Amino acid sequence: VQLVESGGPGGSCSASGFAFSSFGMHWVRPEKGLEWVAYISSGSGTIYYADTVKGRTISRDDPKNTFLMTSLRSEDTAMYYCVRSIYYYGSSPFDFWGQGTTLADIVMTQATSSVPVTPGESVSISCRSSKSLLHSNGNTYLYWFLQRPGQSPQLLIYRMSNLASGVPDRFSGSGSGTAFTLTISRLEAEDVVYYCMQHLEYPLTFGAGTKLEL
Amino acid sequence: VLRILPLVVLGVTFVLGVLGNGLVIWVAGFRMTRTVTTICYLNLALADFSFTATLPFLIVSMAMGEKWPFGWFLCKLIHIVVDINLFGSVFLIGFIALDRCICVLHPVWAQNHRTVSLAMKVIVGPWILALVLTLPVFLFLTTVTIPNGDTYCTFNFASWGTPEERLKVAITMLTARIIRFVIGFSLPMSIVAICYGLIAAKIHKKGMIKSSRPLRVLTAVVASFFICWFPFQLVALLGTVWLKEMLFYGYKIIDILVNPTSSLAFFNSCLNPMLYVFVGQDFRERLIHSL
Amino acid sequence: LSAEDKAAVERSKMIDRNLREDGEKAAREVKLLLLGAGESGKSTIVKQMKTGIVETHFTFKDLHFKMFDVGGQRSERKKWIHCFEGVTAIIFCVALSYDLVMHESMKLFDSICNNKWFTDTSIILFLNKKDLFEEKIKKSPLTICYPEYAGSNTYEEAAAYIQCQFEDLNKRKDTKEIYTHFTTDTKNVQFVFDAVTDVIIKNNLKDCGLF
Amino acid sequence: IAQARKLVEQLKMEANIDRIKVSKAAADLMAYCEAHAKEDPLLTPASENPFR
Amino acid sequence: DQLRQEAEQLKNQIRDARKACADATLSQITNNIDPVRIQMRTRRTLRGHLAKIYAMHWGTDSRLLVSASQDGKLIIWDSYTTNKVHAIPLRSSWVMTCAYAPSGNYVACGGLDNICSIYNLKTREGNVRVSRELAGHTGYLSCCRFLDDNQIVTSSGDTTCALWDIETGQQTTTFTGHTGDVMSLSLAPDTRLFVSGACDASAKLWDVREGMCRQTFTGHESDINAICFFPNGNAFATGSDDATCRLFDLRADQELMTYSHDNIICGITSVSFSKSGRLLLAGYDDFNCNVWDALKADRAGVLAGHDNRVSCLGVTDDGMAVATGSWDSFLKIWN
Ligand SMILES: CCCCCCCCCCCCCCCCCCCC(=O)N[C@@H](CO)[C@H](O)CCCCCCCCCCCCCCC
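Chains as they are written, first to last, in our numbering: chain A, 1 to 214; chain B, 215 to 505; chain C, 506 to 716; chain D, 717 to 768; chain E, 769 to 1103.
Same shape as in the complex, but just chain A:
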């Protein structure tokens, strides 16, 4: 519940307040958008790196409760973000998004950015994905993150229907198959861009994002 980390040409998460040793960890990447960086699970068993930066490194220490690339690629100039995700039944993966620092596969298209919205009115945000996001177990995977200006992202609707702790009960998300949506009933001042997320496959693509002007 408290993730702060530090960091920064050519060459190349002090987690606290929670049981790190039983949590998965990711990283997520310019004032344009966000994209996936790496992955690790509890016990350092399964590690997926991002296809765009495959094999160039994520590593964790549980007793220290905390480490992270080799080449300063042009696309690597971005703001990297630190998240936790415990994967068990009924959990809320990607629950906590850290502040972050500065430095084929399913893709989601939104193309709905720049929707002007007024307080008190209801708003909806669309999200179109390439293939279906529904594993055979019954779960639709989409994690509606809200990025309030000048702040870390936050989880609103994990697994495309469930609602995470702290989120007021006005938020709600739905949508099946490939095209998804997020709904706000009674918008408030502290609800001013929205980011999708797939989790069926290892590459954690996001989608563009829809800024709500206020």
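Treat the hints as calculated values from the structure; they're not laboratory data.
Don't take each hint at face value.
Said to hold, decoys possible - Once the Cα atoms are required to be at most 30 angstroms apart in a straight line, the calculated DSS-like pairs of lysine-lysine come out as:
| id | chain 1 | residue 1 | chain 2 | residue 2 |
| --- | --- | --- | --- | --- |
| 1 | D | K740 | E | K1064 |
| 2 | C | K711 | B | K416 |
| 3 | C | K583 | C | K711 |
| 4 | C | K676 | C | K635 |
| 5 | C | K634 | C | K552 |
| 6 | C | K635 | B | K420 |
| 7 | C | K612 | C | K641 |
| 8 | A | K131 | C | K511 |
| 9 | C | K511 | E | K890 |
| 10 | C | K584 | D | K722 |
| 11 | C | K530 | C | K555 |
| 12 | C | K676 | C | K621 |
| 13 | C | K566 | B | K420 |
| 14 | C | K530 | C | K552 |
| 15 | B | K420 | C | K571 |
| 16 | A | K54 | C | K511 |
Claimed, not checked - Chain A stretches covered by chain C per the calculated footprint, using a threshold of three residues with CB under 8 angstroms from any CB of chain C:
| id | region |
| --- | --- |
| 17 | 36-45 |
| 18 | 82-90 |
Ideal placement from N, C-alpha and C gives every residue a C-beta, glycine not left out.
Starting from the structure of chain A, add chains B, C, D and E with the ligand where the hints point.
For chains B, C, D and E with the ligand alone, kept in the frame of chain A given last:
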């Protein structure tokens, strides 16, 4: 006799071993909680089961006149299995003897540091040693075609052909393979005898030898490992020290008796379950309730 | 197949390994009951060791003993006594020194020794208040509780008869061994250690087939 | 004694309780079974159960 | 004195009133009812317990289940994938009961330590930690059952039951009418009444609101170990160490049907009903569980999949399973 009884004994050992080892791997294997003793018994049962599965090939080969009607790959694989698992059995017998000795003589240690994890991480040591000692079986064995076309199944050194050096390497690498005895009888028989005599002495001096169970089954195991392995390790020891007089001249007594003592040696594989696993009352009750 | 359930089976296997590791160090400490009538110094013996169920753990020669005292529970004994099936041994306390009846303790031993949950669990009997018994038996005959026989009125005789009776309460003699004792006795925990080591050796011989 | 009085009151409170004939109670028992067991899986399975 | 005569007169009045209402027994009334022979089977084995299993409880979502075992382990499983979700290390391994709160946030445990430990599952931190320790109970816990996320009832061999207030931590109602040891406990669906079967061979229906016993039934010869509500709320069946189960109706206040067979001479340890209140499932300690048609009082199924005493069993609220935990250290889910 001396040409028929070995086949009968080998067949009886084969069938009894298949049945008993299957029982051990089905009752102690699946239908019993996993403990160090169960690990040792299951590994020994698996060793003897692989050996007795290879056994029908050996009995066919002996009955058909020391030949190999089966394919080259079949004979190579079967001899690899026999060499790996005979050593596996004769080493896991010693391993279980060591386990019992360290559980009776030193019970405090055997409770503080004898878990299933250590049992599984050390039980493969005998298998590794068996692989090391069976590599000279895969390395230097191939089907050999007789001039009469009989195509027997023996060793060969054509891959290494100058008759002087070839025959020298042949003799030296066949008298090097002393190992069947020094690490196939001396080590296992020594371990079994020493450890089980020690536990008999400990459970006599301390007392608590109540019924006629302990001194019966504790000498039955040493006897069943001796009276069923020693003739092989005398005949083969003699052969390995009389290779010359048997390979150049035709001491035909030693070769005239290899099949009988071979059957007696293989009988131990079938006897082992009836001596390590079925004796315990808990296993007997578990088997009875299982089927 | 699996999308993030693949990351759930990872957590499952991690905590399953943790459970197995705990069991390795859980089946490492020898469990040991403690009973008695209540006047017997079970408190005394637990005090001399180098509400609800009381837990006591100690060490001796690198063997971790864990004693369970339940006499604090004044409930039906036939309901919490089966939980202690796997105890290696049962330390029983009987006071040699006739305030009310002693006969109650003898009835208790028959209810513990012959109990169906303890057919193979050895009982370390403990006759306490030996000094008080010696200083008492002179002043009062042993017939007041043992009409059958009192014998010689010296401690080395009357206590011998009490011990003989308590051994005679063994409804079974093949399996259970009653490692009786007397207890300032400083060699007591050593006696418990010897009895427990003997029981462990017997169990190892039992599941190794030699019994 | 006081315990006797407490027991007397404890039985007294249970004296005046209303009861119904066991025919009606058993009728309710079998009504709640028959009119609600069309959904019970352990009786009539779960054609595609989640424990496959 | 006169009260003893008065007590005998009151007991005779109770007995006569009870005898008056006996219009008919389940035999004649239910003779025109078809028997269920169900035979469930192991769909999942839940291994990981290294000692005896005494407690289990089914989650409200019919998905998770909690098991308390002598391993000092309270495992929260996943019934489908079998992947273990949580492994709570109990601080007192002598556990005899556990309960899974209706909201899934909390899980109950308790035992010879006679402390009802309420553990918190859903927290910001990943781990599962103990929320409350309900103490002040001079027996041994035998069954905990949540009413809401703030009220739980605990029964003990303290001849007493109790309704607590998990917030303040102080017993807010004491249910003391019994004379032996209270071994079982179960809540009505209304969460306004609950039954407790004790070692007095008697069962008792209590009142959580008024704070006072309501009904006492006596139909058994020895200790009672299990009692569970018929899902309609006004009936409950129970099992005793005398190898008999009996059905009671709270309004009828009499015994209704008996469930026993001559061959079985073992004991009983847990009793639970089906979703529809048609299958009476009981955990006997002859190393297997039994399944009856409560209405027809006929043996109908056996869950023989254990090598030791079947201690606890439970049925999902969805009704599409039954989980039995025996002393064989293995949970088993049947469907
Ligand atoms: C171009 C020219 C090419 C060559 C032409 C011929 C070469 C010139 C003649 C050479 C003779 C060989 C070739 C003749 C073909 C066979 C005829 C008889 C040969 C013969 O006498 N064979 C004897 C000894 O060699 C016997 O069959 C050997 C068996 C293996 C040794 C192990 C000892 C027994 C142990 C049994 C269990 C072991 C496994 C358990 C291990 C623990």
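Cross-check of the supplied hints:
no., hint, verdict
1, D:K740 / E:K1064, "17 angstroms, holds"
2, C:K711 / B:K416, "15 angstroms, holds"
3, C:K583 / C:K711, "28 angstroms, holds"
4, C:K676 / C:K635, "26 angstroms, holds"
5, C:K634 / C:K552, "15 angstroms, holds"
6, C:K635 / B:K420, "28 angstroms, holds"
7, C:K612 / C:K641, "23 angstroms, holds"
8, A:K131 / C:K511, "20 angstroms, holds"
9, C:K511 / E:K890, "22 angstroms, holds"
10, C:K584 / D:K722, "28 angstroms, holds"
11, C:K530 / C:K555, "21 angstroms, holds"
12, C:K676 / C:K621, "11 angstroms, holds"
13, C:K566 / B:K420, "19 angstroms, holds"
14, C:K530 / C:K552, "26 angstroms, holds"
15, B:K420 / C:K571, "25 angstroms, holds"
16, A:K54 / C:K511, "21 angstroms, holds"
17, 36-45, "holds (count 4)"
18, 82-90, "holds (count 4)"
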